[PDB]
Amino acid sequence: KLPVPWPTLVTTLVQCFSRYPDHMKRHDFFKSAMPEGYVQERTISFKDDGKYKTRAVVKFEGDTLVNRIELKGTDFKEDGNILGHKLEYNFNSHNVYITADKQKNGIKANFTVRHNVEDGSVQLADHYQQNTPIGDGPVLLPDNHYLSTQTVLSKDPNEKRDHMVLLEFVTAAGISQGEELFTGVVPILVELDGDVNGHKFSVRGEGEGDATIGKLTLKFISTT
Amino acid sequence: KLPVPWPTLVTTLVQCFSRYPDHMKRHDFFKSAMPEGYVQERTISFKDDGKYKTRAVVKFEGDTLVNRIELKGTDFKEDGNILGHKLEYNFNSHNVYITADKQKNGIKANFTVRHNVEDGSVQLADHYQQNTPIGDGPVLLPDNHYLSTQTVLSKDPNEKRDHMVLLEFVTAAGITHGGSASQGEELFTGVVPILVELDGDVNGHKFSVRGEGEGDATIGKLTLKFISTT
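Chains as they are written, first to last, in PDB author numbering: chain A, 2 to 14, 18 to 179, 195 to 243; chain B, 2 to 14, 18 to 182, 192 to 243.
Just so you know, the hints here were simulated from the structure itself, not pulled from any lab data. Accuracy of the hints is not assured; some may be wrong.
Covered stretches of chain A, as calculated for chain B (at least 3 residues, CB under 8 Å) [unchecked claim]: (1) 87 to 101; (2) 148 to 162; (3) 231 to 237.
The beta carbon of each residue, even a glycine, is placed where N, CA and C say it ideally should be.
Put together the whole structure using the sequences plus the hints.
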């Protein structure tokens, strides 16, 4: 059984599948970094609770876009909204604000996730994010803009193990040869190795992304 | 294109597809009214703007669950968020609070929909809802409870008409007690085809929408594509 609520892992579990409108395609750092990819690092501060630190490698492995993550979580309260499993099984729309990191040749992002709590309150998860390209080639450093997200979480009736089904749509707003790798439907593999409060777990996800419409379709299975 | 934003029509465009947990099946008015169906009437008041009045007939026509709606919108302002198309193309999660309407032999509901606006603010839409059975059979009058919703809106890249692709999950909650509680429940054991037809007029601008898809009430899932028909 997952030691934390599935919604708290959503943002950690491939922004290269965001739909950048034609007038913004010169601002799409994520696709410009492919195929070598990028390292995505976050600190996620759950207000009045613990923190996640994550480091992920996002790159192509042949035809598959892979997101391989290490997650370390600490300082969660036993009676809080996370370890107490008080979060609703849903996900709000967020705006992910992106700025260029002209020192690392990459980007930073900042946003605050709002997790609905079963008692009507909101649990904030403040995200600080930095992405650095792995490859040598030129990448696109964007003007300030944001990604606008939508996500629904469900369960596979035929699935038996602890799992999460996710459908997500993301479009860029607010204003490369790598992008040519995203013209069709691309298979996705996500692998997460986690430790929260000393509770170790793993998550494996598979699905597909369609960047032409900003769509992600994934099923995640836990192991503990 | 439609004269109003697609998100403002989401709630008007089949709560019989909500997942009612087994311990709450006695509270599912919507399925109990089937197959004869129910009339669903709403007043939707947009804060600092106009209002929609809707009357829908929701019933089975053969194998298909049909939602046929008349919508009249009045008193909208030209520079507002609706006629000015300033709403984000998304839809927030809501709780729909349902209570028995014993004096109408049905149910009523109150909730506020929060439409995100492009400038970062919110457009509130106060919903009042009344559902009355069409048929003569016995219906289930529920205890107070709510429906919890999740919805995503998207587009079909090969569709030139104004349209909205929708996926929704809804589950009932708020009762803690714990077969089929109505004969109409039996009609929703499978995946049911859905037809939605909306005839609208907002501030004198006439339009229409047709949607088709499927609903799976055992998991609470709705999958539909809506297209402008005028």
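Taking the hints in turn, this is what the structure says about them:
1. 87 to 101: holds (count 5)
2. 148 to 162: Check passed, 8 qualifying residues.
3. 231 to 237: holds (count 4)
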